[PDB]
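Asker: One-letter residues, chain by chain:
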Amino acid sequence: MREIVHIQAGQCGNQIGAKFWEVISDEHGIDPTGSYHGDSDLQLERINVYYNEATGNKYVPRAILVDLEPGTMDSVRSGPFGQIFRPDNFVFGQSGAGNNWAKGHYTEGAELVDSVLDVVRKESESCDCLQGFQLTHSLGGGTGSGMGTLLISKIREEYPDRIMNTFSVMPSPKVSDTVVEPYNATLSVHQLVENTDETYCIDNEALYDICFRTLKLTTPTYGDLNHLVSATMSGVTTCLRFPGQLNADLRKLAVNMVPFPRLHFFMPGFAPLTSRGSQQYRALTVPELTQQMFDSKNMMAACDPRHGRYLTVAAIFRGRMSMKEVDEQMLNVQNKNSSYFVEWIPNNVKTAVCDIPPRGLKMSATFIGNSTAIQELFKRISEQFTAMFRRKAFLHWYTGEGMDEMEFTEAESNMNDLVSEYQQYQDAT
Amino acid sequence: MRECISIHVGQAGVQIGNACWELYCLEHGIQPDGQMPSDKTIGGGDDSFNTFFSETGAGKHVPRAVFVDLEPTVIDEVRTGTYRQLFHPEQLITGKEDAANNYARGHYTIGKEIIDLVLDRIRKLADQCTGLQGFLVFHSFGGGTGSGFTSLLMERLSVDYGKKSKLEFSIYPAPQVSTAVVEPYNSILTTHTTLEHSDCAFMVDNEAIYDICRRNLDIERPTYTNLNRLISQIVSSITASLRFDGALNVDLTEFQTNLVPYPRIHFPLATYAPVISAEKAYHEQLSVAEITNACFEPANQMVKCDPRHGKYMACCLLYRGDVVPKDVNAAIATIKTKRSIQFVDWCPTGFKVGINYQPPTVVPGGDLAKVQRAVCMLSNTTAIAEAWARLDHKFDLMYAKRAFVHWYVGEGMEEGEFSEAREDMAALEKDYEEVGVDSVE
Amino acid sequence: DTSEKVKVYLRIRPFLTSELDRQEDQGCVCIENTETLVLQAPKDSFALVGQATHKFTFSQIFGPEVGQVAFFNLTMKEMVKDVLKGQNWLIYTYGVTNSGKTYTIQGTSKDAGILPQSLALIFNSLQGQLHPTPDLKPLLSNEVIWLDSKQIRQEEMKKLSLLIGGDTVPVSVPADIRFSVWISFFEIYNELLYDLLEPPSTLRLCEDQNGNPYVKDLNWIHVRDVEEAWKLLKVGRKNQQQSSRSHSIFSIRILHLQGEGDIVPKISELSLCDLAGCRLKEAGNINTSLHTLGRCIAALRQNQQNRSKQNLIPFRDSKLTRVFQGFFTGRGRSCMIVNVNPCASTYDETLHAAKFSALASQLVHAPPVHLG
Ligand SMILES: CC(=O)O[C@H]1C(=O)[C@@]2(C)[C@H]([C@H](OC(=O)c3ccccc3)[C@]3(O)C[C@H](OC(=O)[C@H](O)[C@@H](NC(=O)c4ccccc4)c4ccccc4)C(C)=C1C3(C)C)[C@]1(OC(C)=O)CO[C@@H]1C[C@@H]2O
Ligand SMILES: Nc1nc2c(ncn2[C@@H]2O[C@H](COP(=O)(O)OP(=O)(O)OP(=O)(O)O)[C@@H](O)[C@H]2O)c(=O)[nH]1
Ligand SMILES: Nc1nc2c(ncn2[C@@H]2O[C@H](COP(=O)(O)OP(=O)(O)O)[C@@H](O)[C@H]2O)c(=O)[nH]1
Ligand SMILES: [Mg+2]
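Residue numbers (PDB author numbering), protein chains in the order written: chain B, 1 to 429; chain A, 1 to 441; chain K, 59 to 106, 113 to 230, 286 to 320, 327 to 365, 374 to 410, 414, 422 to 515.
I should point out that these hints are in silico values taken from the structure, not numbers from a laboratory.
Among the hints, erroneous ones may be present.
[What the hints assert, rightly or not] Distance condition first, Cα-Cα at most 25 Å in a straight line; then the derived DSS-like pairs of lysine-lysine:
(1) A:401 with K:452
(2) A:96 with K:424
(3) K:452 with B:154
With the hints as extra help, turn the sequences into a complete structure.
Answerer: Here it is as structure tokens:
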């Protein structure tokens, strides 16, 4: 068995977690009360991946809520799926960081991290064979950055073998409502580079773009963005739970995606996506999904991949399909767009196929990209960061928390080195 | 008695095993329950042949097979599919974690503590034979268990038994189509196993079988359930002589003797002539001459290579059904007449012929037309060198920059081993080029 | 520098009587000259490539005739001088089972290895020109901590607790510089830094003002003379042929502290890193670190004046290369001590060790092979 321990921190993390658990309980046909009222037996074949068995024929997800401060606890606990979670996992403090990385890491977070570590240890001790951890948080904020990185570091120290998977929301370059995003984001990236196995860069700008242009929504809200991210995050781990012609898991993706230890920042994507009113006009074929994935406007990372080269990509398809058609389409993508792929990899594409589609679809598929163009987002943050740090705009809100100024400089340098590393592989060689 | 232990390793191995055992059960009239209605119908004979089935007291016929995946998703289908009650409960799933397309994990770290169970089960199966043996190991290069655990298992088997024929049926990487980006590493790292331990290895390539299905069978959108059926037809045709009567029965020993001129050249190609769709079954006689000529067509080969670019060092024809020696001899003479088929000057005879009276069967829901006669050709040629050269190039394009190397180094594989593996491959290629040379007087 | 690369030095261990008793001598290790080691296969007729001869370049090679002190007097004493002269130097060590690295570096008290002799030379040289008590700690190569009375007493208590609970270089400045010599000893194990001078009963990294990484909260111990340093080191050794399973780093920092109490004087650092040569986990980590290290050294050898291209030195991929980032960058320099053994049973490992650690490695093949 291959169990996953799901962790989430911050307002963004908790809301994405709520939507994700809604989607998963829909997939396995689990009632909000925790009972099962599905149809196909395959739902219970691998329900242990996410859920523990409670005595009354009941299922309880392995969710750990990190700093569910009362403002978000009241939302989650009173929501539609508030009662599914076991209350012992509702770990939280009072007087949160307030968009201050130092408070989230050193001052306030160090007081609460012990409880979360104890809960994580108790949950992990119950697994037959743990596969890895899955974290959901947001950079540029408060507790989600500081405590998120603190928990990543301590858990990875405790469980070095197991896969540390992170789904993080980057700060958008333009659409921002927080002044001190650059400092928190820079420190979080510095902590993230050395302490995770794979991190998925999500940006709100790209999700808004997809909602406005692809789905033709006029009034998108955070619910829809969480819907898209949940769809992706379910698509990634679909092969662990259901059979298929060609199986895959987290470790298999990690091996076939991370050519060097520090190059583990990815661009997620999902297909198909289209408004309801037009769904009757387009038939679902593997060519259509393949066309929609590699379209630069479907990427959730807010970065055009054509500005660089794909180090490596992976397609995880779901639904009944022929392997010849899939292989032909991926080979066609490699051959036609050969200018946008790294030359010194003979084959840049990983393929996985699951034979159980989503509930309401014949076919679906999930894309994970890894390209040097991602370096762009780091550069933008770095620019904004220096534009403040040279003036010492808000250092007194940080240095007062027992943070020497030097901790900033190191982080900045680390980010620059990361950018330089990606820039090594943009040139043909 | 004559028995063969089928071992399957990895997902490709297990699916090929499913298709193969479906074909065997259909051939011997054995139900999915293991009961055999023909036993009470005939009341005699060994039609529940010991070559693939052990008979118990209750009349149930249990397959002689063991197989591993290190990923319970694939074998649990067998444990729940229609044949769950056929196989013995000893289908060794041990996949608390997968190898994850990593040779080092399969061979050194994860594969340990499972090889003992597999060797124990194979010992228990082998103790039940009062007669001939020979292992048929199925796997896929480029994967996990199929690359590392297969090497471990071969290494242990060559010591425990040693003087037993070990036939290998391995999925090779295609020139273009690939489902992984670390495939060349895992493929190259098994060359030592395939050289030192295997007694005869049959390579197949998915792109070639796709071409055959699209062209001959008229299947626009094939999937693995058809490629496995074709490979099962091959394997059934190879082992036909051990079970059914025939004018010329070729055993495994005489089979290997006439096909492997030297110890290090045990890599024959395979092909099957009457592929033929259902609708095309009419408008063609399918005489012995036609299928014999069709076997030599480069477009019908199961490995993406061109025999015209090399010389034929050995060839073995295995016929099934309504075949008479007169037509076989005439067809062989016609083949020898043609100048497109080049034989090395040091093999004047060139042909081994085996004929069997049991015609092939058609799987229900299949796509092969019922035919009166059929032929499977195996041929040891030098053109197979091409199939290695491309792969070696791909390996170099990664290894020059040490891409993905650390994923192995952290698993206990010393780095220098990579170089050693490639060197072995290099030596193999040179050997083939040193047997296509015409003799000098 | 003049494309110094590494300037690797080689020690070849002599045979032991018990080894010759088992016919271990089959001509595995030899030398064409003092610069190029020659490694050949033993005549392994057992178990039912006749020589496979490989050549390995070294700055100097030292056969079995050369003892530990003979090794030190010819190569490393200069480097000690070079450190006290005002440079920063880092001596790596590598070898395999029976190679003699743990005797080459540490050895006994009489035929002292490079480490005790470095202690002896440095501390004997600075007698009469040292501060009697601790006054100034070498935290960094470009920063120090001045100690008040209570801090000095506490450091003395630390030194005495570690000591109790179980000859000259060109530098000669009496009455001008009250040298402050401090030592440290830790180990990198599973990418975790453990302070080792702490007596028998995890450290962090961070950068200095110039971006040079250093280790945080390292138990630097002031020392007076040779024997104090040797005893502190010996006690710290217990917290770490017999060979390491971790990368054990000893280091010494000398503050050229003028009589006025100059803050941030010239800090001279000599460090020695004993490297570990399919316990699974550590082994993979060891190989992983070594792999990264090899790449870094290869980059450091590829990025010399021979190419005039910097490319990338992947020192960030491991703790070992990150902490020694300053020596890859140019803030310091580094050399290498390789150990081998002529025993047949060691040969493959020995060969691999040379291929990992030689100044340069080449294939000769010994063309007289292919007898059959
Ligand atoms: C009725 C109708 O014509 O609309 C369909 C539908 O298929 C469309 C319009 C759906 C629909 O999605 C959206 O309108 C949407 C809006 C904002 C953000 C994301 C989606 C649909 O909501 C989504 C829903 O999809 C599912 O049921 C999948 O199983 C999906 N389920 C959920 O996301 C889910 C949502 C709430 C509660 C429980 C589950 C899923 C996808 C991936 C992985 C797991 C599950 C379907 C069939 C529809 C509607 C209902 C309109 C689309 O969505 C998905 C993710 O499939 C948008 O385009 C795709 C495909 C279709 O075009
Ligand atoms: N011809 C054929 N090839 C298959 C089949 N199933 C899987 N493969 C091939 O198997 C190769 C990779 O093997 P994997 O998917 O990794 O399975 P594995 O070899 O057991 O390795 P694991 O991932 O550890 O299970 C691919 O190139 C596939 O084409 C099949 O049913 N028929
Ligand atoms: N995608 C998404 N992002 C969100 C949501 N809510 C908040 N955010 C983002 O999260 C950031 C604020 O981080 P926050 O949760 O306050 O950090 P915290 O104070 O530690 O909890 C902002 O930049 C928002 O854009 C949400 O529901 N969905
Ligand atoms: Mg698998």
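Asker: Taking 25 Å as the top limit, are the C-alpha atoms of residue 96 (chain A) and residue 424 (chain K) close enough?
Answerer: OK: residue 96 (chain A) and residue 424 (chain K) at ~18 Å, within 25 Å.
Asker: Are the Cα positions of residue 401 (chain A) and residue 452 (chain K) separated by 25 Å at most?
Answerer: holds (17 Å)
Asker: Given the hinted pair residue 452 (chain K) and residue 154 (chain B), is their Cα-Cα distance within 25 Å?
Answerer: Violated, at about 39 Å.
Of the numbered hints listed earlier, the single one contradicted by the structure is hint 3.
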